[PDB]
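A.B. asks: Residues per chain are reported as follows:
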Amino acid sequence: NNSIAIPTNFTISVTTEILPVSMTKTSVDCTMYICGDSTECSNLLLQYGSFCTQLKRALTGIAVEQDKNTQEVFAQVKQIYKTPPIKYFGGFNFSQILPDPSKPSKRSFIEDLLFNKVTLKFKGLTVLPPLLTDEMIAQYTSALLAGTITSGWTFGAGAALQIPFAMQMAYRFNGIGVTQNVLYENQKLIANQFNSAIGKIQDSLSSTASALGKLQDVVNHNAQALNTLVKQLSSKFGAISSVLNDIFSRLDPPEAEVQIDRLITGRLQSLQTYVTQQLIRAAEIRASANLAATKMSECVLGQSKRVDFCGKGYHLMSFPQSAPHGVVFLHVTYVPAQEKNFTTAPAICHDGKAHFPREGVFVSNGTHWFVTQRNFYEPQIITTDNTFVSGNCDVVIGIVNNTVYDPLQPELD
Amino acid sequence: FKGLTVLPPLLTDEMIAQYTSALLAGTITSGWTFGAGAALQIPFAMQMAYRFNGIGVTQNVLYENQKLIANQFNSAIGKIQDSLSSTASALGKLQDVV
Amino acid sequence: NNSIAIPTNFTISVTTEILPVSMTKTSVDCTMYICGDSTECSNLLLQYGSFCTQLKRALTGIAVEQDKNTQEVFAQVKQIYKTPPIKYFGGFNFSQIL
Amino acid sequence: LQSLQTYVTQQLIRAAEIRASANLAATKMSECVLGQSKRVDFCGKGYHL
Amino acid sequence: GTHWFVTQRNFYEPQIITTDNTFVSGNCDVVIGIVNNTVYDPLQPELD
Amino acid sequence: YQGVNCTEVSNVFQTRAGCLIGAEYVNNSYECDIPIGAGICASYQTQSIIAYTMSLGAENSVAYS
Ligand SMILES: *[C@@H]1O[C@H](CO)[C@@H](O[C@@H]2O[C@H](CO)[C@@H](O)[C@H](O)[C@H]2NC(C)=O)[C@H](O)[C@H]1NC(C)=O
Ligand SMILES: *[C@@H]1O[C@H](CO)[C@@H](O)[C@H](O)[C@H]1NC(C)=O
Ligand SMILES: *[C@@H]1O[C@H](CO)[C@@H](O)[C@H](O)[C@H]1NC(C)=O
Ligand SMILES: *[C@@H]1O[C@H](CO)[C@@H](O)[C@H](O)[C@H]1NC(C)=O
Ligand SMILES: *[C@@H]1O[C@H](CO)[C@@H](O)[C@H](O)[C@H]1NC(C)=O
Ligand SMILES: *[C@@H]1O[C@H](CO)[C@@H](O)[C@H](O)[C@H]1NC(C)=O
Ligand SMILES: *[C@@H]1O[C@H](CO)[C@@H](O)[C@H](O)[C@H]1NC(C)=O
Ligand SMILES: *[C@@H]1O[C@H](CO)[C@@H](O)[C@H](O)[C@H]1NC(C)=O
Ligand SMILES: *[C@@H]1O[C@H](CO)[C@@H](O)[C@H](O)[C@H]1NC(C)=O
Ligand SMILES: *[C@@H]1O[C@H](CO)[C@@H](O)[C@H](O)[C@H]1NC(C)=O
Ligand SMILES: *[C@@H]1O[C@H](CO)[C@@H](O)[C@H](O)[C@H]1NC(C)=O
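Residue numbers (my numbering), protein chains in the order written: chain A, 1 to 413; chain B, 1001 to 1098; chain C, 2001 to 2098; chain D, 3001 to 3049; chain E, 4001 to 4048; chain F, 5001 to 5065.
Be a bit skeptical, because a hint or two may be false.
To be verified - With beta-carbon atoms standing in for the labels, derived distance ranges:
id: 1; chain 1: A; residue 1: 340; chain 2: E; residue 2: 4037; range: 47 to 53 Å
id: 2; chain 1: A; residue 1: 121; chain 2: C; residue 2: 2072; range: 39 to 45 Å
id: 3; chain 1: A; residue 1: 309; chain 2: E; residue 2: 4030; range: 39 to 45 Å
id: 4; chain 1: C; residue 1: 2050; chain 2: D; residue 2: 3010; range: 18 to 24 Å
id: 5; chain 1: D; residue 1: 3010; chain 2: A; residue 2: 60; range: 24 to 30 Å
id: 6; chain 1: A; residue 1: 88; chain 2: C; residue 2: 2082; range: 48 to 54 Å
id: 7; chain 1: D; residue 1: 3007; chain 2: A; residue 2: 43; range: 34 to 40 Å
As the list claims (entries may be wrong) - Dumping the calculated BS3-like pairs for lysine-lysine here, alpha-carbon to alpha-carbon at most 25 Å:
id: 8; chain 1: A; residue 1: 117; chain 2: A; residue 2: 200
id: 9; chain 1: A; residue 1: 25; chain 2: A; residue 2: 123
id: 10; chain 1: D; residue 1: 3028; chain 2: A; residue 2: 78
id: 11; chain 1: D; residue 1: 3038; chain 2: A; residue 2: 25
id: 12; chain 1: B; residue 1: 1093; chain 2: D; residue 2: 3045
id: 13; chain 1: D; residue 1: 3045; chain 2: B; residue 2: 1079
id: 14; chain 1: B; residue 1: 1093; chain 2: C; residue 2: 2025
id: 15; chain 1: D; residue 1: 3028; chain 2: B; residue 2: 1093
Simulated from the structure, these hints should not be mistaken for laboratory data. All residues carry an ideal CB built from backbone N, CA and C; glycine is no exception.
Please build the complete structure, drawing on both the sequences and the hints.
C.D. replies: See below:
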């Protein structure tokens, strides 16, 4: 009937998300793969038409798409913001996410563990280097961290505007529906919890065996595709031998033409299958990259009100980190804890009038009614300042009798 | 056969129904609290008053039209059954997949 | 430029949305489908390379994807909540959905 | 072999489409069932409750 | 037609215009279309 | 020439993507016009073909207090 539970404490938490953004760029030459160092076969290969042009166009498109994905995900900011030399932010410690001052590679320590944890001119098969180097992506990430720490969400919607980090956290608590004094009397506790959570993420990433499986998946898929493409080159495909020189040597040209055609057909089919699988995988990776860019904008540059988009709990802020083929998000959220039961009422009947809370809920403490906010237990005396009156006491089901204090009442003179 | 077989899904329909029942019970009994941490109970009338405050309408509107709102919800839920039953192409997408 | 319209009543409505979540898991047999369980053909079939491993890998990946889809959609709740035995929620009829 | 390869390719394309639909369904669950959504026409026509 | 009230946008609940539901911002010769009316002060009748 | 150390077969410049012949390397940084690879882009000087390292953006520092 009239039971409600309100949390009396909270625990702020940090969680990790891994998202692939791009895959390797591969280029394939037909003649070398199908039949290389043999101009005799090269003469016959031209008879099949424009298959090579189609294959090269498809590979070039899915190679350009990777640079497009990386640019879309990481080049969100227009200017390279720099962190102040004094790394004091009201008790919050960002040493594990900011770049290392000793400058071994201009990477944060967590980024170092990410780059160490995940592994990262063949027979006609080549790989192309990505347009953006790891240093440039790390620089973009550093700019994003500096902007989101120094200015808040203002830098992502216009000119960058500085604000102390404590006041930014007060803004964010106001955003999640909790008053700012809750931060102002618990700043030290919140800073300690944040530092402990960052340390726990450090240890969990250092210790987990299969935390970064989503990038190993892409790397292994590319490796197995290339390996099976090379392995298929040794199959007979119905000919007497898999060596083109051998079939030229051991048979007459008119009879060897059929076996050459069989080899050509088999190798072309295998290469076409490779291209099709690459196209499908590229589509999947493009969808993942679009998701990563959307998450970057929503969670890093702002504060999303969507439920589970930026981690479990009420979202406060997020921090991006770089990975060899993806991005890593550290979502800081607010989780209530230590809840207590009270008995509640929908309205207060006073002087034949129904009073409703303005921005809170009625709780009774058993024998004394108060007004408190929903997400944190903080009782207060019911007055006319925090309640509004509308209607009589006969329309509301469950109304209860109590007195409403009038601030101007004691001023009788 | 000709070598073409079908594998059974890991989750049976009973398990999915159990998950759905858990979600319904949580959302009816605790609002949106169960999806963000510990599940905190709250009377349904107050939860719906909060949900009216969420769309820009004051809660006294609900506290004065509770019976009407309940009747409208009940009529809509009752009509959903007939709407699904009578329509011959309501579940067209799943049939298309099959 | 000096006229507005403000509603004086309201109607609450319930609508249905249907979304496919998964499809059928299928398996294939190379020798049974192609060679028809004939010994002469099987020896010739292994000469064509590693196409069958590719097909088996693809179908296995599809099946695991279907299972992951179902788990992602339906297993979002940590605990199995239970509704109270006294099903009175201030005038509402959830019998059609419980 | 060509017939079986064609079947596999069509199955892969359909699996990708079904995966997209399942991701949409999961997002709908998280944002409409576990909370109240302010996005327009995402959880039905009207002001979502 | 004759009197002026304040209502919430999504529902018709007329209220008397007071100092509680209104805030003052500058003089009344800049806003285009501003009209003439009285604002009720609940404090004066009490005379604290 | 992709993947070739062009110490083997006007200005000649060596890149991680390959060896570039006919483009002059300049130490200024501009926005990318023609992406070559490994962070090096090329453009028309306006007059000649030049190669350079792309610039991510303008440097900025917010006065945090
Ligand atoms: C607002 O609309 C509702 C819905 O039509 C009205 O409730 C109906 O009122 C009539 C006449 O009293 C009854 O015959 C119906 O049974 C009611 N419907 C339901 C679902 O209860 C309500 O009267 C309207 N209110 C105003 C002020 O216009
Ligand atoms: C249950 O609680 C509600 C909320 O106060 C109240 O309006 C209703 O009358 C109660 N019903 C019973 C049977 O106690
Ligand atoms: C921040 O944390 C690191 C590692 O825990 C520690 O070495 C450093 O001293 C901390 N910062 C301050 C200002 O104490
Ligand atoms: C709610 O908390 C109170 C403590 O104030 C306790 O006495 C009561 O048994 C609790 N009820 C439930 C259902 O947990
Ligand atoms: C709240 O309840 C406790 C126990 O019932 C009581 O001791 C206390 O005085 C109450 N609070 C106030 C402000 O009276
Ligand atoms: C509240 O007090 C009034 C008298 O001021 C009385 O008529 C009414 O019955 C009381 N309400 C309850 C629930 O006892
Ligand atoms: C309102 O619209 C009418 C018709 O166009 C126009 O004559 C009048 O000037 C407008 N009022 C204002 C205040 O602009
Ligand atoms: C609520 O609606 C269901 C659906 O028809 C009905 O069976 C049930 O009796 C109703 N509840 C009550 C308490 O009558
Ligand atoms: C409003 O009242 C003021 C003084 O009371 C007067 O000067 C002004 O002309 C009035 N405006 C209109 C539109 O009547
Ligand atoms: C090309 O060879 C020279 C000398 O052997 C070497 O210094 C240089 O690093 C090589 N280039 C690449 C891209 O490896
Ligand atoms: C660029 O810098 C290098 C390194 O000193 C130098 O050798 C080269 O001449 C410079 N080129 C131009 C165009 O300044």
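A.B. asks: Out of the numbered hints, which ones does the structure contradict?
C.D. replies: 10 and 11
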